[PDB]
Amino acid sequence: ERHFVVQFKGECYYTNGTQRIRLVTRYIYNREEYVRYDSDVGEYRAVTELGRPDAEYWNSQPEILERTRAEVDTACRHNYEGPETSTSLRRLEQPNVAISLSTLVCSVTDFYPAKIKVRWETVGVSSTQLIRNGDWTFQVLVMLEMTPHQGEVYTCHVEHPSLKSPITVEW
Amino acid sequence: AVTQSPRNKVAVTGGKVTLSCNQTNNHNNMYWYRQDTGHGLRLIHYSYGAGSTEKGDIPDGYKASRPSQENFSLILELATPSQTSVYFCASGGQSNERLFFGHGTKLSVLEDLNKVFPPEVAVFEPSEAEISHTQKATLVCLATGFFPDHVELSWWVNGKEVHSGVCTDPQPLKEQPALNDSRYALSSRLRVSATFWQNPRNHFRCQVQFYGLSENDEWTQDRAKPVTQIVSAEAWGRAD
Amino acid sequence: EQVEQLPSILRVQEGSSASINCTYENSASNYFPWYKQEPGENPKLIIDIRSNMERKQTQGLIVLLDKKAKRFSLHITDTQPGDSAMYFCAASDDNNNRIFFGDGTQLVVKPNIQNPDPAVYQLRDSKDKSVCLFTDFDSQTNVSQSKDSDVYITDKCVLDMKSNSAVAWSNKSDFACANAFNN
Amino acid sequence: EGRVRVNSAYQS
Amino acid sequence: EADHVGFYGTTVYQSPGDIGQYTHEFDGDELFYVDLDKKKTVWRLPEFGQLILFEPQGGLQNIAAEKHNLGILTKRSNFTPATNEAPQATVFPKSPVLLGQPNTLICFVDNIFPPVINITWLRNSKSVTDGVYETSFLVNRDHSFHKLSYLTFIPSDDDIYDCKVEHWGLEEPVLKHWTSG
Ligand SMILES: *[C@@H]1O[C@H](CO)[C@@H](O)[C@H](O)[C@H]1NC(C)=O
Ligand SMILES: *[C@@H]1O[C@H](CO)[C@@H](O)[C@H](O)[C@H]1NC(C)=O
């Protein structure tokens, strides 16, 4: 008849590898985050009035604090230095670029990571947001309005970390 | 109601800044707050009547004077970069009655006055791809390389200020966030219909108001005096 | 005494409800004003409640007061974009000639994008930098900040004619806008 | 693979 | 705010349906989920599962903790129910469409709350139960979910596919159409 939801989110933020790591845990009830731990703060702080009992109750337990503070190393650092460095970080997938027509369209698909640099030296082109296929591949659609018999278009240049040299497919 | 003076002020470390507040509400109580981007309304000084001055929450560095019921001054004997904030004067009939705030005075105290620079304003005409796809035309304005953060941007279409379709960044961004006291940059968007942008009789002007050196102050450096000034950039509608 | 105004930042989709909850220390408090401050303006009073009331609904606002729990709240039903502003708590007692504010809550009402159409465009130089534009993206989409130096990206912005927008410009010659917005 | 644990909420 | 972000321990649970899920994510992509029925970890990419071991019981332990917290938070808030939201679906293919070639059709559904949905693929108003696999309920910053369904298809001669979505927040299902060639 009526529905109730709770969400808990453990979040690890890495910048420059493991140089700076930030642990943020979020307790959420029906889209409302009520209590969160933030490694910048060092303790539990209530986010809404719902969170006040938990933040007060968990801070009184030095063990909850000790364990939670330690999760920046036992969960954030450990997962990055081991599992992620051995899997997600090493993953390189070279893109597949192809030019079609309808306004010429240059489709760059199935690549990883996100950093890419698709270009035609001609401006007046609309590019879509980086599309996240949930199969650990991305795709970008760069689309330029084309007129007839305007010579042979130079290239649809594509720049990616997986590629040592750009693809530069000609029209 | 409540009238503050001045509305914008730039000073150097060690100067004297006197913030004036005149209320005409026949209220006995007047208050001086400051509001920093680190949000909150922190109370500096206040007064419950003429000839009275009370220390608020953060009195250090500030002094107040209540010569009459109508006026309540805030005096910075020795200005400090920490004093850079937005100051609000408020009056009230009783401590348990509504506060009437003035329109706020933005203060910028700077370590070195030779680091002041006016903004360079540029207008970028809409893209052809946006016009043909969305049938709408987004102009973009850029105010770049200015210091301090004292800047007010407005859009003017055909000599009248427009608000519909205007979007300005809430806060200017540092050009070098790592460098101390870096220059700032501000972007604003004005979106109109493609037909409106294609009319050559429509005149678009992005106006940026900058606050810098006062009239009493002097510059005497290599470049031109970066006094408080308006820098604007224009664009005309284009059928092509 | 002091007030805590807990929902520091409140992000709400338009048409949905929103509420700010505050608490006060001094049980002798008898005046609880609520101030709303729109961007670039001063705080203005919008509603208050006194210790001889529990509930008060006027001008589309509702404020409650639990004197036993020393907690009091403001409720904004069916929010609209005009509600986004800084909202401040306060409490007053007869033995203090001042009020004690909360630290504020920035209410953010996200507009409903009926037919989004995200894309990136590049504007005309108009005689020294290259500026690009990311518009018509849905409210959820968050523009990621530019980790690349000498590339400037401004945060999201909503304009009513309602369309989101984000501007990214750079001085570097090797600058392309197909993926300048790394989101 | 490391995990973050879920605390039990205050009960009354 | 950082160069990389990892979601480790994201737990969801619903009281009326007695339904929850446990997932791990890195940089916005799903690492794995824990099948509560089979009590096993299902990695989104099988190759990564051979390198990293995550015992499923840890996931079930976080589920049991939120299952208990839900009873506590449902009383703490005055029985505030979940607000059904309107999901915005979108259809697009994985790789560029080539007439007669194999390609995968994706039905991106965003802004899902509660995480109960029925994503069905129809071929010219014909029920298709083959070649469809959907991801788990991925998470967003506003604490709504987004779920993706995949359909391998051979585009030709206007097949007229469309993606049907059933949600509590939708009085009538939303169908997004797509065709090429
Ligand atoms: C809880 O909700 C019910 C129904 O809306 C209401 O009658 C009751 O007063 C509420 N209790 C509190 C403490 O708000
Ligand atoms: C989803 O489909 C199932 C059948 O597999 C059905 O029992 C359930 O009621 C459906 N739910 C919705 C919301 O359509």
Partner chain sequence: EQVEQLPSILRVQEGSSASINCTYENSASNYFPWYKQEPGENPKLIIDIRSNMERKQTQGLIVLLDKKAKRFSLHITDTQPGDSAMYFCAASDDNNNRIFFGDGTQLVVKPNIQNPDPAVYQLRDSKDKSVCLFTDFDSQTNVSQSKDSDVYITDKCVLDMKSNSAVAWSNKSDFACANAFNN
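Positions refer to the first chain, counted from 1. Rigid core (definition): largest C-alpha set, two forms, superposition within 1.5 Å. Compared with the form deposited without its partner chain:
In a rigid core superposition between the two forms, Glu145 is the single residue of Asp135, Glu49, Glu145, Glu66 whose Cα is displaced by 2 Å or more. Core-superposed comparison between the two forms: CA of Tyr13 displaced by less than 2 Å.
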Contents of the next structure:
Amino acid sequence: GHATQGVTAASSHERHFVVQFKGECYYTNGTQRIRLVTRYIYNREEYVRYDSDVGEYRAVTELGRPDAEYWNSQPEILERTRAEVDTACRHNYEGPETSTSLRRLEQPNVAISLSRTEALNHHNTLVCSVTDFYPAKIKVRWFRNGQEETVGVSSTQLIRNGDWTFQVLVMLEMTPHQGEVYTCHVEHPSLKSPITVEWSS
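Form deposited without its partner chain, following the form solved in complex with its partner chain:
Only a single chain is listed, so you will not see partners or other molecules.
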């Protein structure tokens, strides 16, 4: 009855204030490489941490000392923590993520617009808007009437909508010509074939 697991926050011994506990797990090349980092933050200051590549608790600042000492003293805490790497990170990735986030596919929607706003003394910017896609993996190319435009391509940073979708703006530098067709070519894992869009007139 319980699929997705959460990393447990260790309790210590003995105006506006805040504390944050962060359990983070990084994966690379599947589940082949899994590292577990947990942090204890007071206000905005991390004081104690548990790093996979380290093997135990370490204070990152002077006030994290009492906890590093104690929790490393307590074999249980140390063992619960040290093992979360399989029970939580490997577990979640295998189970949850692989049937949830790792399978999410959002097909991008491309549109082309004439930019840098007016008509031709320096007016070149074709903006292609690729929006509402997932994951963040993507390749956009520009084509000027048959061939690809390498020089004069400017991509804006990847924007994260927050609703599990991205968007980005890829521009092409120019000075148009009648008889010319500019194409926006997008390559993404959600598509079955790269998608296209074209501007003229």
